[PDB]
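Coming up is one lone chain in structure tokens, specifically the form solved without the partner chain.
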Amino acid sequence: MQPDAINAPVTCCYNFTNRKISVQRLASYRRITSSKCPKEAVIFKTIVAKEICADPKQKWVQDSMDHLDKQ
């Protein structure tokens, strides 16, 4: 499949944020799935360039995808 992602760094989330984030401040996102991680997650990159770990299961989270996907 991959060429040789074995040397690629692996990024995982260990806890999730508890405060919802404004759509006006989210710049991007990415899904965390590597089986090397304790669990699935979403990493939101903010307008002030901060990266936050969020629960895939939360509505605010999912709706934030919708808006970034241009809804």
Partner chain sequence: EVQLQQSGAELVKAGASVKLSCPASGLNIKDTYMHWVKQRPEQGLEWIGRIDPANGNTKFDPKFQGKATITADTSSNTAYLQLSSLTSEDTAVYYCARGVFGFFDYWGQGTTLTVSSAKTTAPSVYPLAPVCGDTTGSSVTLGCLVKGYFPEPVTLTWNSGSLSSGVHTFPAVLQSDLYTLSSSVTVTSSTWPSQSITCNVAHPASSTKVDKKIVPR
Given for the second form:
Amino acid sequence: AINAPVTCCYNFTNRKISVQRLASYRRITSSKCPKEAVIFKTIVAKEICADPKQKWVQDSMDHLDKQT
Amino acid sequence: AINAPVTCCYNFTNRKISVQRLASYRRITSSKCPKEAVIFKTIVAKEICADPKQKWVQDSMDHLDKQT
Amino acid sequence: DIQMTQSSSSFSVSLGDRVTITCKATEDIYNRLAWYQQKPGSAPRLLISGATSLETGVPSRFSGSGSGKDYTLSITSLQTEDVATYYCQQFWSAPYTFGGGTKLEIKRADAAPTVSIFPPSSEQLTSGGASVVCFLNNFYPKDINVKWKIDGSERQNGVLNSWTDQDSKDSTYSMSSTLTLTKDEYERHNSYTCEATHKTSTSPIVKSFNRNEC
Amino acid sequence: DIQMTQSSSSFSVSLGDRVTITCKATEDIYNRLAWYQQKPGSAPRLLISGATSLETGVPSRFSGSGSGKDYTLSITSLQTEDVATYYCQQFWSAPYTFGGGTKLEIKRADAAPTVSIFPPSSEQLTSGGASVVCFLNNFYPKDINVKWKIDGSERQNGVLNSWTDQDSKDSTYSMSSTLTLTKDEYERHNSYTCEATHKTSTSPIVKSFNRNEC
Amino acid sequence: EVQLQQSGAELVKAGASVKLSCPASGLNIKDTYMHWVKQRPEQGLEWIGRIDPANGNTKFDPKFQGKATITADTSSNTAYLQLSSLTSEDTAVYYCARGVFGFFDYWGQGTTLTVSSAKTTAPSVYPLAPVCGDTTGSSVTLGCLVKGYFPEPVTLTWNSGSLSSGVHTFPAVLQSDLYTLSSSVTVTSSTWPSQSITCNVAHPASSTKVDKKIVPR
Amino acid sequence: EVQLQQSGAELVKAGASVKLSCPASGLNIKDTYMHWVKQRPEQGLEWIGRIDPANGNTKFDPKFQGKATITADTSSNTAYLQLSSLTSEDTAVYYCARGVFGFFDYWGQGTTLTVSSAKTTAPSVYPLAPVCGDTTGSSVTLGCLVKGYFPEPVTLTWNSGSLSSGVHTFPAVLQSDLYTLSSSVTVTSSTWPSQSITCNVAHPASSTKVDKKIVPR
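Moving from the form solved without the partner chain, what structure would you give for the form solved in complex with the partner chain?
Let us now look at the entire complex, which starts with that chain.
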């Protein structure tokens, strides 16, 4: 349990992502990371780090959450 | 591509793992991590960080690699 | 705003069994619920977020689930360190709001309170004040009622009460009731009584003393 | 030890097409193969490890695959910056060993060399030395042969040659051949010839000069 | 790791204003949202507002607009909570916490704010001994009434701490701007008044320490 | 990020020994394996050995046992490669690299080691001009023979660098312990000897700079 790996974000995509391209998201909060972040999973399983504070990032989360 | 998340290891299991418990392993080498590490995937999909330098860790790798 | 409510504000439980705490949202919150634990002298501790995500340093016996508007926290083989208050919180939309909380207490056999009454000390009388103190110690369950009677009449003014949390050792509770009145009022009457009403007896426990005699 | 070998040590290619480099291990190495790129003035750069894993800063047009003892590196839409030498390396068991390398060169039309011959300068003769220099410039393909003849005889001693890498601009190659001999030997003969043999002609190109006359 | 420090305690007159501070270490408040939460024994936990130290924007629960002012300093990595024209309804415990998403994974130990007009006042220690009719059971109970002090806390022990079993020290209560507290200890009849029983009351704020021997009658 | 620095260049007599150093920054060599690799134009890349800076253990390719000694210093975060009783067979480029797994993701720019007995020697610059029969084409070619210097490098330019097209500067070659190099430039008949053409040879090691005007005849 304590020796599990931790995934972190070292960069934030600077280009917004279409919601029709998103499949799911993860919340990164480990103090082991440089900072809290959001990881988007695209339709094709690609992972992308985004800034939790940007309006579109929050609007996406709200959408994926309200989704099925 | 540049904004993909990076998985790192912040601890190394201090207890050896039975090879009959292992399913696969990953090599962690990103300079973004504190140091190079090995991530073991157990029969039940659990992930465990281990030290690349320990004999059993290397013997495991050799085994999983020579495996199918 | 979204209102969060919890089934109950208290549960008497046993070490070792399974405990379930329930939360109900005023409207769907899409798994954006968090659970916290809080002990008497510190900030709340995050245990679970996203309704299911367990914080790293949190024991695996804790788990949560649910959806839409109904969520539940579950603790298996309850440990003594697990006795505390649990709060659910929603983070779907501001203003963020918490549940009223559920306090866990450990169950034990009934125990009548040990009642002791004390007249004002001489030191205090010298300053014009007159305080009658009464301790109701090591009783269970926690509910109890104290009533004061002067010469036979019930008084309600000048009484200050304080209670202690469940004792980590014997699991009982304690209370202190103080009747405070001017030295002149104090000397104006004679009999001072303290009355405890508690599950342990149909008749209340009475302790008293006459001001005149010793 | 495990011996690694590559299909060829060189390939002439075109910007834009697909390029494949092959590696063959002396014995199964269970995908523990790595690929490196190296340019004329620096250390090799890791591109791929684990036979398939692409290093982060590496362009997606690079990829590798294979198993057991046979592996291959593939580069799509070759870029000019991609022209370099590629090495495969095994890390299954020590001693770790690399392939002999495969150098990529850009293909272009044939080009005969431009031959120029130079007699020893006066400055050098003053020191007892005598060097005849010969440049064979901007020719393609890279293979070329220079032969020296004194008065008509072929000489092989005292000749030092140097070649340049493919020119980033015209894609040709160049060579310098120097015949060095004691000033006394130099003055002992008369005719000094330089002969270039190259794909561009059945007959070799000849440049010469007589020591006596100017 | 991440750790938040808080002012600890504050005593302010009704009508006045106060500014609580919460210094962070182990993280950069620029990268997150800093929140403040109010907690009262009776009405529980209440989210007040948040601030994005990166741009200085805030979000409040309308219920606190014009009473609460959240501000931050990225250089000192500190968050602030200003409360204006305080009333007794404002006295409570204030926590600051981190949480870009809305829940709070890191908290400060909290700062207690008591809205009073009281002044630092030494306590009065009164002994609690049984009467004449009281002295028959197997175990006897003595007590201590610590009254009229401010502000909190007033630690208390018996026989310099070598008498710990059977000790009940009750929480303090506000009695018209002054705190009152009591402690009881139970020993066996044989040990009292044969053995000496004393309570030791300490009130750091007034640099006072008081010992009161419990004597019969 | 991770970056390895290397001695750069070394000149040692045959039979002597040498110690190359590779300082690391951006990572801690304790956490990994530090390797050394030899490279020669002819025989390519060769893994020599590795060291675990944590315990000081080494692993060598038998072919280098008793000729190569790998050592490290966790404090200075430096790796070392010692070579004994050097021979010409030892002159090559030596790289040090990181790689707990066996492949090498981080390399040092490399240190060239030349096994010679030569001494720092200034170069001799000789002009290269056409003969009488040579002076008919549309473009003419002039050259420069830089001979007898040591050690490398000897930069070279034409007309202080304002003559760059048609310039071919060939790699240096060892001629009995002394380097020889040449450069050719091609211009148009009209510009020479009308315009002045000069080669500028620099040899940092001997603090020399030489300009040689190319004059006919």
